[PDB]
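To begin, one chain is listed below as structure tokens, in the form deposited without the ligand.
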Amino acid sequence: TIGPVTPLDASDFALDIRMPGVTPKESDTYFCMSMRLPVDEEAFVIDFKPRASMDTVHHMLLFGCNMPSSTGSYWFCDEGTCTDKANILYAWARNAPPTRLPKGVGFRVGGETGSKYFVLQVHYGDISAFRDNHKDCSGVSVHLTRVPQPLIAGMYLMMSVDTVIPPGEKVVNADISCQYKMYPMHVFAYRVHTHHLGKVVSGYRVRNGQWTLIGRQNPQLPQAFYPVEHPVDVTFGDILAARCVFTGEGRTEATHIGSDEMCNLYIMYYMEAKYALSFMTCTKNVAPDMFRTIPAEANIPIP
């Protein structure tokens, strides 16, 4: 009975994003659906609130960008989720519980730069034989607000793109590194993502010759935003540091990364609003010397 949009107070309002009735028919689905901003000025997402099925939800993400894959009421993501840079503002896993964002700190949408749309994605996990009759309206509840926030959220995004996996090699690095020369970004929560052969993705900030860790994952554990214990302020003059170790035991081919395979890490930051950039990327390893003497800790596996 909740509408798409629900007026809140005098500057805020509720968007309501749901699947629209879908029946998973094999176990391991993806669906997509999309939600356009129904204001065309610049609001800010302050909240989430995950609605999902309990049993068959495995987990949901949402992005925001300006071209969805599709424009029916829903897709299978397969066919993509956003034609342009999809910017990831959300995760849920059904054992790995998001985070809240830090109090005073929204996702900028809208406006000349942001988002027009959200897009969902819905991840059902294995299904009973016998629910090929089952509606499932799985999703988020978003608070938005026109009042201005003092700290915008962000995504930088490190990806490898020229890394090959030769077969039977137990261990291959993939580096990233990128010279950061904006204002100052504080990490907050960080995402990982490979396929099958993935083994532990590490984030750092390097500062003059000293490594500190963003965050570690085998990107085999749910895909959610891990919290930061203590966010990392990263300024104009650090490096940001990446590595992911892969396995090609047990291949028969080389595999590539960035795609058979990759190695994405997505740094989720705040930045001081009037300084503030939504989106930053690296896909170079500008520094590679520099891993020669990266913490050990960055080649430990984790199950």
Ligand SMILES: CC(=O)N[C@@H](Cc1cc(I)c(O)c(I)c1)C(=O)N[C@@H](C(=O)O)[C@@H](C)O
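We call the rigid core the largest set of C-alpha positions that still match within 1.5 Å between the two forms. Numbering follows the first chain given and starts at 1. First, how it differs from the form solved in complex with the ligand.
- Only one of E253, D55, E272, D28 has its Cα shifted by 2 Å or more between these two forms after fitting on the core, and that residue is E253.
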Given for the second form:
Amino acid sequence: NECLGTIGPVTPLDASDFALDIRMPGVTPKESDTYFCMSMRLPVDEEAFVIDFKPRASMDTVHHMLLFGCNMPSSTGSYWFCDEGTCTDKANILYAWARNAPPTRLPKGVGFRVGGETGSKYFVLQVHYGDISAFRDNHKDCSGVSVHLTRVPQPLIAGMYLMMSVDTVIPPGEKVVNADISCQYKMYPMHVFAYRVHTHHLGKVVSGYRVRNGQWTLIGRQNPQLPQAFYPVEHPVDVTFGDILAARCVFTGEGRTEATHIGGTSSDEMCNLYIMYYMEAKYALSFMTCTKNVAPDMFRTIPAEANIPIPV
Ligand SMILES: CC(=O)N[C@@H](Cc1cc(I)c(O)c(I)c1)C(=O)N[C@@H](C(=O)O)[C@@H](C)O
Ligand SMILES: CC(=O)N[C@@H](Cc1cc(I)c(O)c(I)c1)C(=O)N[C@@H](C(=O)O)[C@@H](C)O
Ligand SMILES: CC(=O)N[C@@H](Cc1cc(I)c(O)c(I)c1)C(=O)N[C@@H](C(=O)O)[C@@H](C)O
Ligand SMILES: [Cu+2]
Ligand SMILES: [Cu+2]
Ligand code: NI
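The block above covers the form deposited without the ligand; next, return the form solved in complex with the ligand.
Full complex below, order starting with the chain above.
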């Protein structure tokens, strides 16, 4: 149901706006925890701005959905298993829908820039099917997300700052292993408005901070075992030239018989903190990444909550 009909995926809205429905082409999981991927090229070649997102998920099977922007989807197929990949180039996450933690809307006047000469030419949708019981009907699922695109330039441009670990090693049975990430910020000011954390089963807590003149200001702190949606920041926080962004993921090796390193399988781990921000249009860049730990010693002053499990 809700599947793609004779009217197609593009809904005209007015002279310069249209909604684009990005849905699975009627797929059927045959195993629980199946991750399906699919892509949609933007229908317009010129620059546009994504200013809203509306989920169209099947509450009875969809565990989570992510929408990315990129220039080279990993497969040319109708849909594929995301284990093959999302995009050959580096995908930019735009939206996350997590079952049981409703998404928050973008601030008005803020939009992601896409298309054109340097923006994403494709949207890639990942849909995680958990309970494949509802598929006893062997029916087809068309879950997805609708995006509102406009040609009208937005005064604030949303972007993503991804902090991630690449060298972490978690010895088996090890009670506590910290993965620390830190970089100095050297662009125009960005204001953080939402954040998402991601780790696999060994993750206990993930926190990120802006450090200025030695003082730590919390950006976000979350239990990665909770739904991995983008959560709004408690208080708006600017990150400016000179500041240091610092994040820590706390892992345990308990329950594993061998060491766990960074990787894409359930037996591997990941330490990600996605910081969603907006910047004035004339100063904006759409994405930044930190995969290092430039000021290792700085963590001796990280707030205690960074090591404290979040109470349910
Ligand atoms: C890519 C293109 O040609 N677009 C149309 C106008 C348009 C752009 C976007 I992005 C959009 O979301 C919507 I709705 C409409 C266009 O440019 N049409 C012509 C026109 O405005 O007459 C050319 C000459 O500008
Ligand atoms: C090695 C690793 O940590 N990969 C993460 C972070 C990542 C996200 C994006 I967007 C990206 O372009 C790249 I290169 C890496 C990772 O795969 N995280 C998952 C996640 O955050 O759920 C995927 C599904 O986005
Ligand atoms: C009723 C509604 O959803 N109005 C949205 C436009 C929209 C339609 C669809 I169908 C959709 O899938 C998405 I995502 C967005 C809305 O707020 N549109 C703006 C517009 O009409 O330009 C405001 C200003 O009215
Ligand atoms: Cu999920
Ligand atoms: Cu992962
Ligand atoms: Ni400010």
